[PDB]
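Chemist: The primary structure of each chain is shown beneath.
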Amino acid sequence: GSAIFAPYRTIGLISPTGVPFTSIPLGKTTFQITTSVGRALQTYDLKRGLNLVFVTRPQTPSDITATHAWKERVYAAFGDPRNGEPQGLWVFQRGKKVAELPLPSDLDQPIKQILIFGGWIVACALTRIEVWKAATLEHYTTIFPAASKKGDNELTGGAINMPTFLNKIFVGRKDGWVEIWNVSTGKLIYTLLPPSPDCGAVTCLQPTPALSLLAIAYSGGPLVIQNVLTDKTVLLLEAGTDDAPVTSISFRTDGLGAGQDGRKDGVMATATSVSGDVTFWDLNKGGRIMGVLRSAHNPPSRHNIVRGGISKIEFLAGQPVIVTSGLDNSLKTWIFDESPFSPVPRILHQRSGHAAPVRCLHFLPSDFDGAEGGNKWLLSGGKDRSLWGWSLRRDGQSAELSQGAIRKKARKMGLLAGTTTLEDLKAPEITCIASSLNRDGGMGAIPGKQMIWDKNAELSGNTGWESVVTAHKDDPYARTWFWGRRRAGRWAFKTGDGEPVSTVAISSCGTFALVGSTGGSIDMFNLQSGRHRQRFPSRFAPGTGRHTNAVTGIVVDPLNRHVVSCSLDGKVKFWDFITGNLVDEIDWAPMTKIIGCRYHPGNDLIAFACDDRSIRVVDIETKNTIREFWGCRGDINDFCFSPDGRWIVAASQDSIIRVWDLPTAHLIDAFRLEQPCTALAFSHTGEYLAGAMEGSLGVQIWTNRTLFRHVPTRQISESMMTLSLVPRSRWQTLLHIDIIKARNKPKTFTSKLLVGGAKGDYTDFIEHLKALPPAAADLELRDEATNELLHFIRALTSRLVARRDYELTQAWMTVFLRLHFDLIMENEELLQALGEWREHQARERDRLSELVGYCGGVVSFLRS
Amino acid sequence: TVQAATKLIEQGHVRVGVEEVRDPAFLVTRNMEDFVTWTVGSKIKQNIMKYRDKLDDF
Amino acid sequence: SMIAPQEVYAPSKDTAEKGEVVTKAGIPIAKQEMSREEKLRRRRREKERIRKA
Amino acid sequence: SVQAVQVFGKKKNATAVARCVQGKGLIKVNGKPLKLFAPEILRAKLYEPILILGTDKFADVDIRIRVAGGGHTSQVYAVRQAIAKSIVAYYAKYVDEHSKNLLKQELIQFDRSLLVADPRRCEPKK
Amino acid sequence: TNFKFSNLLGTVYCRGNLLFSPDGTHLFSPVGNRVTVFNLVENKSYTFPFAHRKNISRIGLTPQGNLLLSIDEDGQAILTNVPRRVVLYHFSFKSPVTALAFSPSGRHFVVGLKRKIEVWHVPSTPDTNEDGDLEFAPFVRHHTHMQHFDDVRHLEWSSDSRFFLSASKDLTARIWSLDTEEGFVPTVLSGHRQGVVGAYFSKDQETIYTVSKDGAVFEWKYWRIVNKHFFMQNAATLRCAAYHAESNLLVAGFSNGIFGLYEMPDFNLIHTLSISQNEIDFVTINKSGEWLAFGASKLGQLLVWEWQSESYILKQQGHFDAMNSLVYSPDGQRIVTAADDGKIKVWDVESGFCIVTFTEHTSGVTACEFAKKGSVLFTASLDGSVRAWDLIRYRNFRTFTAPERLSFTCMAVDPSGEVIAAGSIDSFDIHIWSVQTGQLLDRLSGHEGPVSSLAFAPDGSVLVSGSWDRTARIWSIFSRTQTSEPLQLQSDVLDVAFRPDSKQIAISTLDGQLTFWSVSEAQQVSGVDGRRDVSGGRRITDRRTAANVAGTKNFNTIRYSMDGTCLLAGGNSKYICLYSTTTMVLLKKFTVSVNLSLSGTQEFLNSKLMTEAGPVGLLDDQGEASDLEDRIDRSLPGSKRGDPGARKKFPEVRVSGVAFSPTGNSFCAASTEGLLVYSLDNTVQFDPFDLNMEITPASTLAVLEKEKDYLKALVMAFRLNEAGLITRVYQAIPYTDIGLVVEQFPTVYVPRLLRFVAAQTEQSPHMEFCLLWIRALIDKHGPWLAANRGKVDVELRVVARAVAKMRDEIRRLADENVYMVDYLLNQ
RNA sequence: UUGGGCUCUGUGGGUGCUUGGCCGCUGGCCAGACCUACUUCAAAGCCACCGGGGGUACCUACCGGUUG
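Protein chains in written order, with PDB author numbering: chain O, 31 to 448, 454 to 490, 499 to 582, 614 to 793, 840 to 867, 923 to 957, 965 to 1046; chain a, 123 to 180; chain c, 675 to 727; chain u, 3 to 128; chain A, 3 to 224, 243 to 847.
Warning: the hint list may mix true and false statements.
Said to hold, decoys possible - Quick list of in silico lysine-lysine cross-link-like pairs, BS3-like style, CA-CA up to 30 Å:
#, chain 1, residue 1, chain 2, residue 2
1, A, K118, O, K127
2, A, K56, O, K406
3, O, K101, A, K116
4, A, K6, O, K406
5, a, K172, u, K128
6, a, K129, A, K669
Just so you know, the hints here were simulated from the structure itself, not pulled from any lab data.
Kindly generate the complete structure, drawing on both the sequences and the hints.
Modeler: Next comes the structure, spelled out in structure tokens:
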């Protein structure tokens, strides 16, 4: 795998898959909603918003194909054996795995229906049903349906349980048949035949709130709702289109809702995989229709990139509220109010993400120091033409930056009930985004309501203005944004040439936006007033410095001295900020086409993505190309400085992410994913990358191992008189342990100097006195060559010639001369050692005193 | 009145000395009864200079 | 928090029990050494201090 | 709902008001235009904020100055102080805050008496 | 230029449990936001990188002392890596955490919530697993049980980590497992009188000790009680107790500042003494059993106590009131700070302790300053007095005061410290004393308001007064004409700071605007309007919004840096504001506090707080307290500046004074929640100087080992600016070739080299090597340094710092040794 | 752009880092179940916020008692 980075969580993502959610009731006060990430699950509360409770770990090997949240455990099934990947049925609790489940050896089919009832866990793959006993997680049997024409054995309605029907399971085939199976003993006990034999594939089936009745739901259109022990039809409806049958069907168990005022039960809900519109049925007399939520979720649009559709309807049981989950990465929930009687609800909650891949990423800069700053706010501009400000610290505090009352214009136009559609009613898709908040004043920036994208200044200059300037796909307008207000800003800017915007920058003083056309010119728009202030050039040559083709990168020196521009057609160009004239250019004309640009302030480093698949790094004041990194086989999709200024991380077109060191100037790491990564962004701590991969509608976050452990790799792959080391607070306490003891009051080991004097090596003893605590060192330091004093003076003389601890030599010697002066003043066996010690002490002392007298007196002179 | 002055010093228009006082129980001593006036960007003070027809937006 | 030398010992009249006298230089100079002129000058100096104080 | 700024200026006794509003370039001093007030030899001192700041800063505003008191010289200093404070104040409240700071830098790098009037007290020497 | 966060300093302790390392030599002390460790056997402190949202409630540690779990109030959890000081996991218990005990086997930890007892598996870390990273939700939970009745004050494990035991707040203790034993039923330790503050095991796990709040300590056997025994105490209740089971001893700290110390197989008093006048909050006890640690939460009052050699190894305290000033010694190694507590105390930058506390003022100390010399600490206070402290003898020369009684709020001493200026609010003249005489030299005129910032020039020719007559003033004293020169300003002058070359001065004025003035020809050169740059918005008791409060939109204090390029500026707000002088641009801005038991932190304070009475953090809940001195509100109505009463819930966020370090790369904020040092971080961020394509560490070491050209390798390694490479080539070239390199070395890398060899002199064990470097550099580069002398004035003074902490630290010892041995050899 | 604008009101999310609803909680329940047991040993003391001056008959507190 990878060397530096490691998968943490894929963020920006609630419900992509056609694997439906699962509801469970917690107690009497919350329900819990479990969706599939892909190769993870997530649970959400109801009452606490749709806030995230868990996200399932470990990431399962394949993608998840089924789910069911029984009593406290969340069961998951994953893997398509027909195409490669391993299958499995893992069993989770509290977000972590607590069991597996033994699949049969004879199994080759992806597994679609997990269903727990009785004492049984029952899963339905594609043409067989494997049933485990749930009290011991132990495999019981495998039910094989009959076959007539090699299509009738297929099991597409799923399987289901009735409440009061004992050990039985009801399956819906690709023929019209629904079969009744005693799953405890395996036998096909009864089979029931469709009404209207022209309509003959069971697409969806559901129990009723009445006993012994089902809503079985055929591909030709009819909903049939039946007794299943009289085998007699109770109602027949024509709900599906032949081009668009019912795929979701869900009764309400509230006990009211029907009868044109709302006092009787019998409210049905249905939806279809072909449309994002849910249809409600009064069920009493003959079951009239009563209304339809049109574009509850997005429609599956031919020749559009968004991924609408629906996946599941569920009435939250016993309650007036109904969760529906689309395929457009959105789970929403709707409420039948009772004060008027609307047969079409309003939203109570909604959570959603990108219904399309993510095209640009940006981590928002530091809330100036700390206070949830540096890293928490991602900012993704996707291909569903909308920003999102994602949050790392909690997923429930994430939302779109709004471009207006767009669903008001979409329902107010005919554009929601089936010119353009809703994503086409938003802005274009976003090429790049540039932010600098020091003029983001919080929630209240301009505290009224302002016109969006217009094409005051006392209240601006006291409270804030727009944060994020943004360049879009094919428009000449750099549109601006308020970060703290989560809102489209009151400005949009043209370029000067009229050609669409190529690259947009904002100065880090937060006042100037600075836009760059694909035709060459550069404009500068003050964000407070929203006014054109400087053109590059103004009106070397003073007026002539103009670019040719698209300015693919521009960034400002953060002291507002120079702005550096960077076109594709040739060269990089050095502009004066306060004048607009042109100072110096670095010229790479006959070779290069710089497609992208990054900047590190405080390091003054600008990294260029030359179209030779290279990254040429230049220092903005040195103006010499400090490096280049040749490592890419596809073109550079994205590239980004690490916040330290050490690393460059480039996601290439060949689906390899690489990372080069800047001091070492070598590839530290390089690794290969499953998909080409389109977008990259670091944090401003070093803790996270994010990457948007071509195909998934979320980004994924990589933690950084070079913080949390020592990853040591540097592999260029392809595929005199010295002191001691003892603290001054260890020997100066030896010097002054007369008074440190006094202000602190309220109101073989002795043979080491002997053996070390037997040998001519005292370094074991010196290796003790360098390592004893100072009370024990003043304690332990406190005839005929078995004395300790001559061994000590000889030891410090040996250390004075060996030159290894000078401060400890003078330290031990001065405490020795203070507390052993009597026996050495009277005794005579050691005054040779004080003579020789005095001589060598006079040598090293006189030399060192000449040194520091010159240094102290002449440095302390040169200061005057 | 004391109700109007109390409301003004809980909305924070006053200062005693250099600090914007927002406590209605702030005991004022005899020489600090000279260094008490309106705070810097005060709408009340613009109403006073505006009444007196001598304001200045500078 | 220790003490200055001029607060440990400073030479003065209370510190000298002499026929000499500790001067303002800090140095004891004895009267028996002192001639007519120097005892005369110390009389006129101390009387200068009386006419000031 | 108009873009109006009132501004004063001072000297010894000459006080001058100037109202600066959203206009089209004119400066009128006591009804008569600015190039007609203050007898000829001091109109350069009238013009000093204009040809520091550039007329392009002034082509969107109207400055109306009333001057009272003082002699001729003190009325000139009161006028030019009212001009400079008028445009700094209008750019304070209506156009962006950066341009105010740039105008204050130009006027202060020339002479601070265009913005802050320093009246003379006396010196009772010690 | 690029300042990150160095140590918090100036508070040893705040609310919270404190802990030892298992080595016994590190003390883990919670300050408000953060945790400071200080290395105690070799005194050197450090604060962690993280910062909680509220005050620290608790800290736990792994037995292998590598993993630290801190808790802020309402259960806001962290766990960080102490050997590599990085922050690792975030977590949130949902209740507030009132007990926390990490397992002795490093495997589980029990947390005691407000009644809940949840035992959790400790997360495996990337230091533990082989090829492993951060997981997502790493904390898994082993059990939870809520079969208690009230709060759970304490949690104590076994020694073998199979039982743990809970000290209630109701009345009882409870003994509990981790897995089901076969002869064990989980059971309840019966009635005390008030409620148990501890319940500790022995080594032999038969008798269980339990320590209540009303003094009583019981011994239980198998399950009845073998002997209950109280002890007397007059007017106090038992509020903490720690029990070392290996050495069989129980400490017990009380409400009246006293702790008792009892050897307990049988009840037997070792010792007892009193350390505070206020209650003892937290007791921890060393793994050895030899050091006891006591935290008294009302004042600062952290102390460590050797229980057999009865002695304070530590007794430290912060400020219990707001600070008012800090400065640095001209060495740069100690910062002094004064407060409204009355004390002026002297803090060491390293080691994180106060080296002196001067208590000879009363009633709040306003100002604080040094001379050029760094010997004398001139300070000023509302007592009415300027005390001139002798800092080598730790006692004051001379306390000056005014003839009529004043209360001085501002203070400035001449650089050749023989002239004192002070200034007050009561009078509005400015008083000048003479140090080498002792009298009052003058009082000076001119101002129509209380002079509110005084500053002498670092030349010492010009005094500058800034007063509430919206004016400043050049006071030219020292010549024969004691003349003035006023500076008519726009608003009330808040501050005055000098350029370290005396040619330019900056004033803060009450608009929020800074302006810059020539001093020789008095004339404004520049100015910032910083009103929007400083707005740390919406304290509580603001019914106005965050960006409309005038009162957080002005700078109290400004300084220049030692180069003379950037200014610090700061006010009654949350942002410290770092400007420049030549281009006037805001360079950098720092959020002081992330805290939320402070007040002025969140601009846009959220509406979940505002109940139908008002802010929920404004309801006086002091009657919700079980202790009498907690319940009694002995405050005075309407007191802003220092009162003994001090309800003091949610203090605001000010900076009370910033100052630059005299050596480079550091930064001080005297804020409310401590004394923050910011430092120019240099060990992570790559930053070259003028670098080419070839220049790698393989190229520097290539011309170091293959073809040894020491000048090209030295300028090469400078030219990368990497400390490992400049250390490698520095300790690679020889002391014969030093004079060759410096004799032919480029002139424009010289002060970088002077700062480097100054740091290597003060830190590396290479005396004669580095002193040969300094000798060669000043010998060759003499006329350059003397000619410039202001461009290099910080580089010459970090060197003079190094060659005088060498001249005084070891040559007193060399002289005393050579003349001592000369005597003993003379006999 | 096949209507627009002000104002007011409501609901949901957000305005601090994401570990479940409830209980008699190492277990159980979310459709509840069982309901009334079991018992050898009352308690250790101290402390505990009324504004200033003043009165003291009766009550109360405390101190010293007095018989019966």
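Chemist: Against each hint, give a clear statement of whether it holds in the structure.
Modeler: Results of checking the hints against the structure:
Of the pairs offered as hints, the one joining A/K118 and O/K127 holds, with about 25 Å between alpha carbons and a cut-off of 30 Å not exceeded. Taken as a hint, the A/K56 and O/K406 pair is honoured in the structure, with Cα atoms around 19 Å apart against an allowance of 30 Å. With a CA separation close to 28 Å, the supplied pair O/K101 and A/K116 stays within the 30 Å bound. Among the hinted pairs, A/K6 with O/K406 is consistent with the structure: their alpha-carbon atoms are about 19 Å apart, no more than 30 Å.
For the proposed pair a/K172 and u/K128, the alpha carbon gap of about 42 Å is over 30 Å, so the pair is violated. This hinted pair checks out: a/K129 and A/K669 have alpha carbons roughly 24 Å apart, not beyond 30 Å.
In summary, the one numbered hint that this structure violates is 5.
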